[PDB]
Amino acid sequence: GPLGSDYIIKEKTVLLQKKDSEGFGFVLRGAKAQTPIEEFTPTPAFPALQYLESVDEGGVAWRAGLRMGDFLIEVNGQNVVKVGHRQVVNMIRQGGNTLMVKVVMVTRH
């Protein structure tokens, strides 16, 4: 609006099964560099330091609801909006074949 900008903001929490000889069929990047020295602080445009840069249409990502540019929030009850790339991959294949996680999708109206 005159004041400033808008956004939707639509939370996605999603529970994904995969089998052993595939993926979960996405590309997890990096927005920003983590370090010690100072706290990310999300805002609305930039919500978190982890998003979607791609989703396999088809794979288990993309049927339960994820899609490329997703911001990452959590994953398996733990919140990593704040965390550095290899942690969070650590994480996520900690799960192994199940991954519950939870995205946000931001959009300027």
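Numbering follows the first chain given and starts at 1. For the two forms, the rigid core is made up of the largest set of C-alpha atoms that agree within 1.5 Å on superposition. What changes on going to the form deposited in another entry:
Annotation: the position in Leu28, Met68, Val81, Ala31 displaced by at least 2 Å at CA between the two forms, with the core superposed, corresponds to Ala31.
Same protein, different condition: the form deposited in one PDB entry was shown, now please give the form deposited in another entry.
Left out here are the partners and the other molecules; the chain alone remains.
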């Protein structure tokens, strides 16, 4: 609008279950940090540190509804909004062939 950006924000909860011989079918990207970044302030347009750089077309993540740009809010019921990249990677790996993730998709109107 005239006073600033309008956004559609869509929450998605998905449970991925894969073979040992395949990936979840995404690339994760975001801020590194030894412990959770307290100096980061989430905003509706950048609501979390980690997001999906890409999602493999037809892969596990794709089939469940995950898309490029989705921001990671929760991994296996733990909030990761202000959690550094390596810790989130370790949390994804902890479930093995099972990953429960809550994401927010941010689109311009």
